[PDB]
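A single chain, nothing else alongside it, follows as structure tokens in the form solved without the partner chain.
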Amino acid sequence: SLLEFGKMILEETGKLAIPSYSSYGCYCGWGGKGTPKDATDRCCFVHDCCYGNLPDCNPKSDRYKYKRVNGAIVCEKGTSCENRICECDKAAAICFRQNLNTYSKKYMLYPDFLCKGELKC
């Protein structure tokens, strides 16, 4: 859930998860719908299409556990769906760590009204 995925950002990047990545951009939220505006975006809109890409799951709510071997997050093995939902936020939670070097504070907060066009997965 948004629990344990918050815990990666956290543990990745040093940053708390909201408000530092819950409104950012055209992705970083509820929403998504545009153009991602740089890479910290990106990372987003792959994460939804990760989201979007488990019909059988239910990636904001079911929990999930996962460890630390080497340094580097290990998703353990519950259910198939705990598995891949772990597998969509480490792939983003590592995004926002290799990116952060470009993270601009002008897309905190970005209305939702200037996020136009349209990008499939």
Given for the second form:
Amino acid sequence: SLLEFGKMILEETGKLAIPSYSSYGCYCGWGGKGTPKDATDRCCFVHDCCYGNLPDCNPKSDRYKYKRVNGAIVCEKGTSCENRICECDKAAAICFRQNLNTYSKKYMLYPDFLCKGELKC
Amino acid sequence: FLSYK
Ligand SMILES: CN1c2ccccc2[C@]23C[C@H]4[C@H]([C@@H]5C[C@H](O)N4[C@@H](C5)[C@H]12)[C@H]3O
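Same protein, different state: after the form solved without the partner chain, show the form solved in complex with the partner chain.
Following is the full complex, with the preceding chain placed first.
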């Protein structure tokens, strides 16, 4: 669920999911359209795609359990959906950590009309 | 707590 995803992001980047990643670029947050503006936006695009592979799951509300082995994120055994949701979130959190250096405040609250194009997962 | 990404 978004409860775990947000704690994961904060632990990983130090930034709060809302509003640092709730309305970033063209894919971080609501909606999905256009060309990812940058690496961080690509992380969200891939994350969106990851959820896309789990049609009969509910990523925003299904809660899962995860632990940290030393710094590593370790998803715990849960239902099939919970396992896959956790793996999708884990990857985005790491992807976010890996691209902090290029995080740009000019992409927060990015207007919709500037998200031009299509991109298949 | 604090996400809707
Ligand atoms: C169909 N699929 C797509 C097909 C073509 C382009 C974009 C998308 C998705 C991926 C991702 C996201 C929402 C939430 C879900 O994780 N996925 C769905 C809807 C869309 C949305 O952006």
